[PDB]
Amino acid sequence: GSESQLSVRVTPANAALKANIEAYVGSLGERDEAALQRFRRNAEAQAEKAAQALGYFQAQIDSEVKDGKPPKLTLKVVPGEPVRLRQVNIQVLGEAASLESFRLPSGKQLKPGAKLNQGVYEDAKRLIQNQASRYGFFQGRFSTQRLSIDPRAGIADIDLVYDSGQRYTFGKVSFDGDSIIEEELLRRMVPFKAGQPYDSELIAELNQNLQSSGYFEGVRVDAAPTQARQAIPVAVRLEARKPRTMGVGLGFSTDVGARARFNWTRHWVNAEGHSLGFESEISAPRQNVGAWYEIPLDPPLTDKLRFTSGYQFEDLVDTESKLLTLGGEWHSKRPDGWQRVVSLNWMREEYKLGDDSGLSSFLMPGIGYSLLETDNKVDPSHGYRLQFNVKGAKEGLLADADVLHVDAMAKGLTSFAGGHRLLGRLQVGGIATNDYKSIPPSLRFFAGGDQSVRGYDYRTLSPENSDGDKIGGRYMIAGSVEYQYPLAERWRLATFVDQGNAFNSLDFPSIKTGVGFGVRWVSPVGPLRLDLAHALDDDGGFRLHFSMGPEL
């Protein structure tokens, strides 16, 4: 201690007004009677601002200042009935009058008869000007912005007439900078054609496009407007990235432990925008190395070819595997957001399941679909992810066995009330075959872990053989529901239930259940999560899970 507690008395009770006054006055701070006495005129001023802000203008307040441990100041507030809107005229004229997606100011708070709330007028004004600016009505004017308050007789009039004038348009797109990327390529990632209606979110989209292309270390995408129609030219300057970039990352997980990730990427090999890359990751239970080549199709960023090769060693609970892979991928995304990937992958796997050593190889075609819909990036308000992937093989036809491998995931997040979050997770997997023994670990299914079924260690939920070794399931499911309570900014308190298992028979899934609670912390890289989970099934003890990365 000590800090001098603020006190608001509203007769008769009005929680809204009270909380507003409390927010407006702010913190009294530490001591004292005298300092509080000086603060009184400010306190009454702020309080009456808050009343005026909620429509109470025949607001009559009184300050009281008491001393003690700590001190305190009691404001008595009394609110004459509020000022209700009589006339409200909100008009958007000009070209904007005809724009479909131009939201007119609406809602309960701007209806006649309603108590005047702080900034509803300004909210409306801000909305109009924001959409004006988004859609390129730069010659857009407020012909009329009148707010009238007669506290007495309790009347308020709103008048917003907004002449938007003519709409500007996208001009030429120009590219300068030490980039060797052909303008043929750069123009196919401009998300607009010339003579098309201006949209600042399209400029943003272009900026993020160029940034995400990997081609540069910097882009200056600017389209400032011009005087009193025209056509706003867009200037893009590109700094070719250093031709060979290196990156190193450290991470940790309960699943795999300490982890190191490295990448050494060439972001442009030639003028046609081809991309080269290498990457590896080292952890005690798993080490892998990969190389890749990418060819932008059209659009370059959502449609592409990706060739890959890889080697991976893995020693987990009762299984070992050296896995070699080559592959070709074709990414294409439709306007929904549905990204398809058509693949042809060859794999050879040297493995030890329990004490039984195998080696098998498959050439499998596959098709996948993905969908990601979020509020944005670093933690979003609400969103979801859908993922579907099928691959298969015919023995004889470059396959040691017949295979129909299917895996699917669904992730979801919603925020409601004052920031209460709900998280949902489902994952399903299945492999069909006429030779299960020939099926290597990578094609089998495992469960448990930070991102699977908490309360259980990584990939430990699995069928066992004669001697009690975890060998892998033909199918698996893992689901989770989590509730998050905002405790502070960047701080949340979660409770969760996960259920899942990997198993060979649909009739006896023997689903295991872990339940628990943890802490979420929003760092700048991402949401770190630390959970304490109790296994309800098998012989359940307690388990600490730790993980890094986005919620979705």
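In this text, rigid core is short for the largest set of C-alphas that superpose within 1.5 Å between two forms. Residue numbers count along the first chain shown, from 1. First, how it differs from the form deposited in another entry.
Superposing the rigid core between the two forms leaves a single residue from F388, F142, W330, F278 with a C-alpha shift of at least 2 Å: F142. Taking the rigid core as fixed, one finds a CA shift for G113 of 2 Å or more between the two forms.
Comparing the forms between the two forms, the C-alpha position of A124 differs by 2 angstroms or more, with the core used for superposition. Once both forms are fitted on their rigid core, the CA atom of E22 lies 2 Å or more apart between the two forms.
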The other form holds:
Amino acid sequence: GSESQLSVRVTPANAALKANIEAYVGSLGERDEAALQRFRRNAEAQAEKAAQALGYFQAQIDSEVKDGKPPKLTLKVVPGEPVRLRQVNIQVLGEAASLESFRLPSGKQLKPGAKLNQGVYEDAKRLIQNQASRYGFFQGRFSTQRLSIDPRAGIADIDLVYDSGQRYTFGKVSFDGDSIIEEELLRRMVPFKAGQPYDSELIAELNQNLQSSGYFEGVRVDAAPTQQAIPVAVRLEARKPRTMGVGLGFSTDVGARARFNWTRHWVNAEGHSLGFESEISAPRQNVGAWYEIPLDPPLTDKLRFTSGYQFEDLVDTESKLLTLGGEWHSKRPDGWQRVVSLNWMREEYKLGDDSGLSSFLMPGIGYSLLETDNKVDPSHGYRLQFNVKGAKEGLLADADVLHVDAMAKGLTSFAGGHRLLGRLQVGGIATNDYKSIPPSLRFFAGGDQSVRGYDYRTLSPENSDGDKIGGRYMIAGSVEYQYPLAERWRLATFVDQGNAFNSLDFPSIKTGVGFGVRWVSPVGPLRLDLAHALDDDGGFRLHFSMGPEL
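Next up, the form deposited in another entry in place of the form deposited in one PDB entry?
Just this one chain is shown here; partners and other molecules are left out.
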């Protein structure tokens, strides 16, 4: 069996108190009568702690033991009337009294009439002192601290008066270390000026800033209140000038896969970045290079020049694609990153048996947004991506083009860890010469991340002879439910719908449904799905994939 039963009866009923007592007492285990009898004093003790945490200081607690199958330790309890706050005086004086973002202790638990809960008082005090320390009120002193309780007549008074005194400020920022990065650049990624009101989260922001620039392998950003201005000392350890990286992966879409990167994290004092990268899979190989120049602000604004070469043999198309490009990234405080681009490309291609070659110089604008709990175990978050590019034939273009692609990903956790995943992707290309439009600019659907139940890029318009050539438009959507089965183990069920097509009037949407297993393994998030195609002649398909959900 064999677990012994614990029964808590409160008169009158009080579900809160009951559940609390049940959690505090814990599990009885597989204890027999004698063993339950030894356990009684612990049981009553725990029960009265549990009562005290909810404000009941006059709870009558008694315990019965009854042998049986299984044995039963019954707790009977008369709550009595609890302790309620009468007077509550929480005051923050000094400069902090006028500071906008200084949270005062608030809420139901501190309203007069509320049952006094364990540690709401200490919570209030901790909050006040934590914000005091965050905002540099280091001379902040509690002038009054009083929690007063009379269990008889059930009254409690809280008195917290906090004289905050003057607010400290940021002193000068100093930089030392074997970094060749000019201080001109380093100072433009300091999220505060000197003589500006102190904020420890700005120190943190500085820390993460320096860390994310890629320029160093270690940063020491420290400045304990000292010396009213706090000087800030930053020491920087220059990163290794060059770096190599290798990755292995697998997919149902493309199979075994190898990634390589060769990065140069600082080329010069002005913070330029160099890079090389490649990936090899049986159906697709590509190589790319890039150069980056920080603008202002250095971290959210930059120029990125790129080049690339890519071979692809997939389904019924082949393509050798060459590309050069200039990009201008800027990100607003939302998290909205805009990318203004000018890209030139040349594509050698075979659609079915028809060989084409066309080239385009195209401008584009993109918007991105990523908001998550993060970062490997996101419990909720979302990704938004919008991208439009276009070309004018004559102006270094073999055809006219208006290419649009958009994606939205979303994840939510609700209840006891049940997840819901939502996915939408849309694409469209307008042109006056579809035959001149190469594969990379056409749209395809189906696959692990597209419409499961269907092989990668197989959902597509076909020509006279039955070859999948690419759509003028596409949609792909999915809804997935995940059930937590263990730590690192989830059980999913999903529905995907989508297609690539040439006519808005005949989308011919295909549907896949199925279920799979998710595992946060020692090599990354693994997903294994079994999917049934409902449309065309649908059999079954095994999908496998790795990488973050978002």
